[PDB]
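As a starting point, one isolated chain is supplied in structure tokens, in the form deposited without the named molecule.
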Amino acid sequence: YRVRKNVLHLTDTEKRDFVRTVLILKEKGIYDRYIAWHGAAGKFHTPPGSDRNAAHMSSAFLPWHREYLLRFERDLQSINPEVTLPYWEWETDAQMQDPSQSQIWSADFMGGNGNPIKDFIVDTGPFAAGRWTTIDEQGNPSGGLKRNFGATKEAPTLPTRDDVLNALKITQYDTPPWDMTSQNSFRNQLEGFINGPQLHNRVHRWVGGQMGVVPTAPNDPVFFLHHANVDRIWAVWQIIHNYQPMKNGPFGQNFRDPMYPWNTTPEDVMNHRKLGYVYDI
């Protein structure tokens, strides 16, 4: 009953207010806590020495990011009670002739692509360099947001709608060993590791810049619009369908286990409505 809307459905004023609130969150110093939390989680392997981490490469990927967006949305709400987290339906923009033309990259929103002359720093939009500070891996100021639209040879295109529907056909949430090699797992599929980079991982690689990489991704506000759609994609599979592992998975990956760096568990966020929100569709 907080309603999360397609970025395409967002009145010119709804978009202005969303952007407005993100800058305030940034100015207050709240935005940085989110970049830091995501960076910390990515370095927290479960268990140590493994490839899995608290926020990725593990069953926790989906509930971790759901909790993350919920907390982010609550902070937006405390600034402006009329603002909720919109979602970027990339599945849809992939059909465009040229996706970089999508209304999501308008100057009055998340601006555009990076400038090749400025080493791919983005100057168009509310988060252009000079208007929005970024930080690096190390937590030090980095000098500006960057974006490389489909510049990689492994990710030249956004995930096609189809890629979404096939994933939704998967019957298991996840499967052991609960890692990147999991087969027939909705979680690993949606995350993008099956014939990587696909879906989730694919959007990250397609955007480029800080979004391209784990330790700095959140620096780009589009991170939240991306994840909103991923969360929505997960909520859809759930209309039909339960989570795995329940016990016996690495600590931090189990159904009822604290999700770093919080005490939140996957169980705690299994139903989005219990969380106070619902996707328009």
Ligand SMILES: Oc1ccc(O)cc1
Given for the second form:
There are 2 protein chains.
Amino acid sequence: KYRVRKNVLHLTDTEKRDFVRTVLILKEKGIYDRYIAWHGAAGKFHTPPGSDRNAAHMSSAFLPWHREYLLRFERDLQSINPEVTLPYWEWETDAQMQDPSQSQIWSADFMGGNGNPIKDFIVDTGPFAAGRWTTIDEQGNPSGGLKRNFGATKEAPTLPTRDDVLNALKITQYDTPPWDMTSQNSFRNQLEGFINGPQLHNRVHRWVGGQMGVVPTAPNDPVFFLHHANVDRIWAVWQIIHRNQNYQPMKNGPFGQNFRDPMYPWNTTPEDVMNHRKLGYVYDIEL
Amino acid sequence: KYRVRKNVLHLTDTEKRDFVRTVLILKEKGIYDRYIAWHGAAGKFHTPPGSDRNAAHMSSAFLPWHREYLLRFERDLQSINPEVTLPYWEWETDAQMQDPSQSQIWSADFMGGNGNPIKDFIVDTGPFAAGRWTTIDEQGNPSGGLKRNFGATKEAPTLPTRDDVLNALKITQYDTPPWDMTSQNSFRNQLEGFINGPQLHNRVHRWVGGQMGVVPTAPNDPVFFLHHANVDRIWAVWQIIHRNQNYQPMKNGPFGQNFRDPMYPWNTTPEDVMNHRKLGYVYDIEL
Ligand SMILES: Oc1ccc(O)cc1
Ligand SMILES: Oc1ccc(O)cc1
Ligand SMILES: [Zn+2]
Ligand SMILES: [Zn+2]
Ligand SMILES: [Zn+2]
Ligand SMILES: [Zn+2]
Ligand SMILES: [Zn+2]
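May I ask for the structure of the form deposited with the named molecule bound now, the form deposited without the named molecule having been displayed?
Full assembly next; the chain just shown is listed first.
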């Protein structure tokens, strides 16, 4: 209830500055890489082995996994600067623009801009530009700096619309068997973006491109957390709307996907994080 | 103080069966794979990125990381069978044998025997033989069964001797700069096995061969925990001997390696596990 997560575009110049500086500190201390690694490791952890489900994606645990992910991350933010909370990128609103790359989120004082085509789409503006921000690859070894390539792919030329979000919120069931990419009438799978994909969450990843378009490397871009803060907001909206609806599956799903199964790489269960207000934060739209 | 960790050779037939059965249960539930993954993930987490140090190896955190690792693992054992504790493989005494492969640890009622050359060194005896125990590879996908190849490599034809262990215990300093594989006059690096390697801990891995000889895959073999229980046994002996010595580095080491740094993939610090008795277990030789 205490911590307010604000729309990025509604942040003050000081708020934008403080967040960035805090993220940079986390990076310098070595704390930020933990999250990159955590995300990568979970992607390789299949539930069960052989299937295309993993601890963090393509299954029911997708939403609670990332909520815990962001929760831990926001806590680390506060440990540096107690006035700093995790803001969210409301991409569905930016989709209304003729050129979403002109959105203030991509300004030099915050996330920085698109990749430079002349420099192989290396980001050379903002606080996370090359020579200011080092990235790591799939193996955990140093890369060559952050990359972005907005709407370059055929599959995801645009950002998800407000309509896309509203249609997702209409879904009655949190998730359906067989709790994977093939799940239908599943809010989880729809929001994740596999219903006629890439949509919503998956579409944003592919739209940004660079490290964000690739699962093991995605958190190398700070906008990852901004993205998923919005995803976690949409989920929280859905929960309030459908309060008679609960997490699925409760039982008999793959291990790691059930209501009280531990979510690798943590002992945290989906139940632990089903109530976001209990976790000590709220989105500004709730006020 | 409560949970007693016994020498494998001093286990009863009932104790051997219970341990094995519990491990199989852990495997079936999906809990065992978590530990394989945790280990693999930590190996890929370099401190700092660029160096050959990682969260679990080739650095000061090697010993406390695995102590926490075993602690969690033993807890999961207890959650299934409160009478089962983690035993240790005293390989230095098996080294005194003309043929260490004849040791009772490798009997069909416990760990099973060496790999079958006809079957590409797949283990076909004991409860963890092919078709009874499934393994996963570096990527997290099914492999095709446990492998072992005792003393096949030129570098590690034999197991470490009791003398090797005694010589390690004589080292006064826990670890030395630059806190890596090149650390000289370092108990940590000596016990780990990079001093004229492969020695001690590293040598045992290479001697067993199969998955055990490879970092990403090593915990696929249940003897991994028995091995490290002995490694974890030797350290406390060193601790008891050099009571005026403490963990190093306390400060100014790489992040993740200092006394009060979180050890990826956990929040656990080396300090948290410096006193093994405080953790609620003791080795039989201490009584
Ligand atoms: O972390 C990621 C999740 C989904 C994607 O489609 C790409 C990256
Ligand atoms: O996982 C492993 C760690 C260290 C070794 O020396 C061998 C395997
Ligand atoms: Zn506005
Ligand atoms: Zn994502
Ligand atoms: Zn992801
Ligand atoms: Zn290892
Ligand atoms: Zn080892």
